[PDB]
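Student: Given next are the chains, with one letter for each unit.
8 protein chains.
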Amino acid sequence: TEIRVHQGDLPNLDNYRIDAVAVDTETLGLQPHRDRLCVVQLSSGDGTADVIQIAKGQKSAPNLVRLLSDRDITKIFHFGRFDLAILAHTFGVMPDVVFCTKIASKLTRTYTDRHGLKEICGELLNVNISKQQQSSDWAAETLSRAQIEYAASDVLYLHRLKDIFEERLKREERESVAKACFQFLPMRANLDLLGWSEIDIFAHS
Amino acid sequence: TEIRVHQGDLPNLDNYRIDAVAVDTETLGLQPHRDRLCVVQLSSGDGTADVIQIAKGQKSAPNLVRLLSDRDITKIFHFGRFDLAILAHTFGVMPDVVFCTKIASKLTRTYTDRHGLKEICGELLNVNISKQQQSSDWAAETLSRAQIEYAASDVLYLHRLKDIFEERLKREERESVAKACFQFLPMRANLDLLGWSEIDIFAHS
Amino acid sequence: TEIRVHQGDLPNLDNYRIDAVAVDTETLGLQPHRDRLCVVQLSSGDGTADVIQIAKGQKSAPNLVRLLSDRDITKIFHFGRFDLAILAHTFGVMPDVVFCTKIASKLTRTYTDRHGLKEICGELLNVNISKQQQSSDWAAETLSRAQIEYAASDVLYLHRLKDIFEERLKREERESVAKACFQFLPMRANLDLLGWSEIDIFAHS
Amino acid sequence: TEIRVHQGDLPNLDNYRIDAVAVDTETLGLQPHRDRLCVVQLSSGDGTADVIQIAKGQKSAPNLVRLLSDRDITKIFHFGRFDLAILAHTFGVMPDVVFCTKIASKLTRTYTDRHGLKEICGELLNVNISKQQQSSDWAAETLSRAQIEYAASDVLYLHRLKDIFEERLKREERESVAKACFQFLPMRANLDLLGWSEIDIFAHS
Amino acid sequence: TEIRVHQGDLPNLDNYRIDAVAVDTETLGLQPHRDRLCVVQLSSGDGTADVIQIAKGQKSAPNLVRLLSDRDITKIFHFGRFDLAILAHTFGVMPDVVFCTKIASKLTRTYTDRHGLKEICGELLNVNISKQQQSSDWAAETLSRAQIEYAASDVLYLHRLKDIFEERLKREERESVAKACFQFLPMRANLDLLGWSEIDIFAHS
Amino acid sequence: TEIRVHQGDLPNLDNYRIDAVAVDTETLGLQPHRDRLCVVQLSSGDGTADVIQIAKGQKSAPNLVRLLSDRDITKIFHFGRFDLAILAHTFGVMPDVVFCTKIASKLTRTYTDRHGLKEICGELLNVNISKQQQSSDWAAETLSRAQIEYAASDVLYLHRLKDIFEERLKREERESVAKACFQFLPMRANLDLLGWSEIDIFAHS
Amino acid sequence: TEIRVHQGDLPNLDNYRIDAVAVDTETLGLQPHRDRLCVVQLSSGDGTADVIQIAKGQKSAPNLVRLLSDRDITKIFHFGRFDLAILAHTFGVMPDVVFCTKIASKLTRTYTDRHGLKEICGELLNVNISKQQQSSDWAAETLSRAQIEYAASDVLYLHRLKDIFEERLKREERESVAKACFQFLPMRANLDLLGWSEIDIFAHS
Amino acid sequence: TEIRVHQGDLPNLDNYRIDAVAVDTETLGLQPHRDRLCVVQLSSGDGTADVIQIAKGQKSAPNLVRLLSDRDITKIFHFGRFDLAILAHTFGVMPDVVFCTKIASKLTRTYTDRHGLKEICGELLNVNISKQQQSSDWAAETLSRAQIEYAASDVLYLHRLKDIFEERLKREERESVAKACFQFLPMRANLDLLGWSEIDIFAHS
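Chains as they are written, first to last, in the entry's author numbering: chain A, 2 to 206; chain M, 2 to 206; chain K, 2 to 206; chain C, 2 to 206; chain I, 2 to 206; chain O, 2 to 206; chain E, 2 to 206; chain G, 2 to 206.
By construction, these hints were calculated from the structure, which means they are not laboratory data. Careful: at least some of the hints might be erroneous.
[Claimed, not checked] In silico contact screen, one side only, chain G against chain I (beta carbon under 8 Å); selected entries:
1) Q32
2) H34
3) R35
4) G48
5) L195
[As the list claims (entries may be wrong)] Listing some non-contacts, in silico: residues in chain I with all C-beta distances to chain O over 10 Å:
6) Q59
7) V94
8) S137
Each residue gets a CB set at the ideal place from its N, CA and C atoms; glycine is no exception.
Work out the full structure, taking the sequences as your base and the hints as a guide.
Tutor: Now the structure itself:
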């Protein structure tokens, strides 16, 4: 698999004149106010991925942010609630046309309680993603080959999953439910940034 | 307080040519598939309320449902997640222009964890609502005077609360957050009806 | 209220030529193998009750047991699961025609989670039963007047509750459900005696 | 093992002129109101099984339902509480002559807390059933061979288990307990359908 | 009530030529290695009590310790597990002839789960002990009158309770059980001092 | 009690040429990044208090901050962990000479688990502080008299408590422990601001 | 390993003229009132064991009970709390000279929380006992060879463990603690039989 | 790896004229008042370690304690909270210049919740430490070779970890936070010895 690694930003958008882009991030942790964005991964849905190393304190990534802002391109995430939050916190732009494979899984794979990406990829595509056990320093100046391949594996399959989940949503007649959930997801991420990250805002208590 | 009690439906909408109506319901319990709708309460925001007794098996209430469907009239609820669900389950129409005082409380009264209607009314209006201790059979053919007065007390103050909460949302710059939450709330209620009532669809686990 | 106190057994069944008898017990505790039966209370549903003091080691009560065995007389309990167990353990006869006001409450009073006798009597009859706070030695040779009146208060109202609950079960169309639950209740009590008292035999886990 | 796969219904009952039939189901999930019935499995207790694919929205299966309604044929389930519920919800007929291997296990295998079918089959028959790890889409138009073999494995052994459990129940003198539990089990399933699925109706709290 | 307050020790044992003495302590807290003994209370079972203030660092109290060591005198405690530990830690002598009203309560008052001294005194003697709400500095050089009266109230009734509990233990045939528990109690307290205070040494896990 | 209310800052430090000042704050909630500082209260330890209303977005309070920065003046807090965090977040200055009455209580009042200010004031001074039940909008442009008196009551007694706690710490020989805890407390508050507010940094897990 | 299997009782005590005998039991479960004794295992501490099959309803085993009653022979158990209870319930004789390897482990192996027999044997003797995974019907008329070998493995090592634990108890100066615990253990088992099996009789709550 | 084993103390400090020494301990358990110190391990950071066996009741180790007291030498621990406590309890000297790799991990490895030494060594150095499964008697007169090698493995890598953690702390600008935590750590250990081992002294509750 060809994986192109960049520092700071894409050189151009020549590879991303497409209707949907798979997006994932890596960070120093789960708390956007403390743990900085370190890597952004992109895929056109083909056998190739782009891995963009983000520098400490970097405030701008014009080509990437241009992609994130383009309303004609659906951004595909797995658990986009986090990625949307960290992207908006880092670059100041909240994507508003999104698809999340975890929400889709929760709306269609009702026969299981395991909705992680590994199980979804195994069941839906019979593709085995091997997830590294040890954790690592994603802020390292030079990423290892194993890190680069792991980071790319998280975006290589989101297009195929989106196609299958759209088929399942049509079959079970939940398309409008999913559309409304995806439409609200950016606001849920913003609520996380504003300080309600531990609160289900719709719960009775 | 004048409380007009009706069977089945409003006689007409002469008292409800207004921009916002306060709405509440009473039922036989928390599970819409098992526990039928028994009472609907309405208020124009003046010192009067309408209390509509709903018959067992009643499928239609044309004047009430006409009010619920009118997109030019905001329906004010406290914890509308439930009322929207039971109304849609009973009459087949989901309101789509709503305001919920509990979400507004969670977005503005950040200095407390008590968001029930009694505490909100006490703090914001210095009005003491006394909530009956014993529970009762809301399906009784004839409601008692105490029941009627209790049922009316749940709608008499929602307009004043909405005004105050709108002031607080403007002050703390959370108007667009609240608008998005209210816009999603009917879908959250529909999700409850479809079988996800115990699931936070946006949670990681 | 006339309360007749007896030692060991009823003198005869002259007061119990009726279709249903209210029954309750008092013991030294919740574990029938350790905590002996001390008092049995009976009512014809009129303003009078019979309170029968049971001696330590007593194995027989022929008139009482004759009443308990009579299939033409429904025995009314509140939470009969316990009373049936202790009666069968003490006298060797398991009643098989029973009505339980707690099961009926759980099948009809779906708008509350409080199913104790005090709350039921308060809501359904507006009768205030005052339940003694201190506990006492029901094995005392001579019961106090306060003890006798408290013991009688537990049977004085079960007939009126049964009538109301039967009305509610008919209204909500749950008569056959209740009948099947009451038909199984003696076996549930026997299961308690055999060693499954802490196990829901129908649960998945 | 010969496994015959059918769409909608058995062609006839020529293979089921027997005293007991093993029954299992597969669905889209644990909630009968949301998750439709997808597969029904049957066995005569011989080395063969029938696997019936049920179509979306299918309301009738006359030969299967005729079998389910025949009071002279005992239906053997493992955890029939669920299967009875989904069968009654889908086809409108509640079987009333049943045997459940999980209740029997809880009444006889008192030396363990593991009552799943795999452990029971391993202990009682020394037969290793391998249970697929990944979950799958039982609503797929064409089931895979692995799915068909897995589905059949759930009914192939219930007759042998019933014979052994009947021996154990006789040995430990619990036959009447089991008979009463099996007699009540269809009502427990109906209670699940009516809205008490999360409630132990016999518990004190 | 006459309460004699002493510093360090009894002047003599003229008032304690008796078969049983009621004993209680007060300390700076629940951890004997950190929280020093501040007060010791004694009663002959008559209407009078002795309250002995213990100085910081005091290692000896010859008359008191002589009383504690006398095998012909039963020491009555309520929850002696603690008092025995703190007494042995402070003065180096573990009493070995003891009676504990809490163990006796747990062995006889099987109809309740509330075994504190206030509830026991209320039920068994109809005597109301009022327990101060605020806590206080028992190490103060001069105890207040309210403190002295509260401290005395903890020993004034233990003789009457012991008499009643002995009657109950005889009635329910648990005398040898209680005797063995009381015989082991000093070792349980020693185990607490040695480092097993949070461990039930007889539990499976 | 004279309570002087100011907007933004003290006019001068003429009343605060002293060795120790009692400090408390009020905010819109428990999360400094979301919930702004609304009120600061100060006391010289005399019968008077200063209540300073802080404006939204206010970044500077030179006289107050001069007081907070003066190393010759001990700042007395109750649960200073929070107040230090919100003060440093709002004005950018972390006090480094502090005394906390809650840590002192935990180090000396070892005979209780209730360390709130109300219980401490009740026990140590026999002064009854009445804490308002309803919560309120501390960001209101004009505070009510009840709010002002409540806010002042939180600082009026900290000097007397500090004197008593210093006596207790000397008596129990814990002065160096307390000094080290107070010396570390500002870093604990900074850790809260940096993102470890839910983590005990010294715990094993 | 020679394992002699008997029905009902030892033929004689020719092999048990010794100072200590290792004892274990097997039953149908953890509840002595429901789950009958099925097997008793004995060892002289040599490489041989005796396995005695106990018949249903058997009330007497004179040679075995003679051994159990002999005060000159210490009975070694692992978790004797259970075995003592089931032996006394079945044959009516409570041994009163016992040693328990689990209590000894809890008193000496303070560096671990795993006190099961497998871990103890592994650590102290470097002997690997393999514990069967599947459970089985110990009431079977004929035990399998695997069952017999497993049952014997539970007694073959208790003598060696007792020797090591006695060395450890002497080294850490806990001999009198252990002696008192072992002296109380039969009463703890009796308390289990009387109805306090779920209660720590010495706990504060 | 050369591991030198000593009884009681180092012969001299010829190998420890260095700026930092890695320190670890082994004991009989987690409670310093009950469980004695058995082994002390030291390393200069080279490929060699010193393992010092401590005798029961040993009160002095002049060369070791001289090393522990030398303010010019940083003592490196992993979870020094425990080691500092046991060292101070045993020899009476509390080190006051320390570095803890667990606190450093919690301050830098924010992308994981696993902070044990094995995971840290695996991630940061790609060195596999194999941790024995069975526990053992560290008080044995003669330690086994496996024990000696295991004990040495706990100190061989702390220097390399300290270097990496110092790099990470500089990179993420947390040096002053770590310095303050390390400065407070000896007082936290002393608090453990004084009786607050189960209390987070800085928590609100």
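Student: Closer than 8 Å between Cβ atoms is the bar; does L195(G) clear it against chain I? Give me holds or violated.
Tutor: holds, 7 Å
Student: If I take the minimum Cβ distance from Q59(I) to any residue of chain O, is it greater than 10 Å?
Tutor: holds, 15 Å
Student: For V94(I), is the shortest beta carbon distance to chain O beyond 10 Å?
Tutor: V94(I) is indeed farther than 10 Å from all Cβ atoms of chain O, at 25 Å.
Student: May I ask you to test the interface hint for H34(G) with respect to chain I, counting a Cβ-Cβ separation under 8 Å as satisfied?
Tutor: Result: holds, 6 Å to nearest chain I Cβ.
Student: Was the hint right that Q32(G) lines chain I, CB cutoff 8 Å?
Tutor: holds, 5 Å
Student: Could you check if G48(G) really has its C-beta closer than 8 Å to a C-beta on chain I?
Tutor: violated, 39 Å
Student: If we take the beta carbon of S137(I), is the closest beta carbon in chain O still more than 10 Å away?
Tutor: violated, 7 Å
Student: Closer than 8 Å between Cβ atoms is the bar; does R35(G) clear it against chain I? Give me holds or violated.
Tutor: Hint on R35(G): holds, closest Cβ of chain I at ~4 Å, below 8 Å.
The structure does not agree with the numbered hints 4 and 8 stated previously, though it agrees with the rest.
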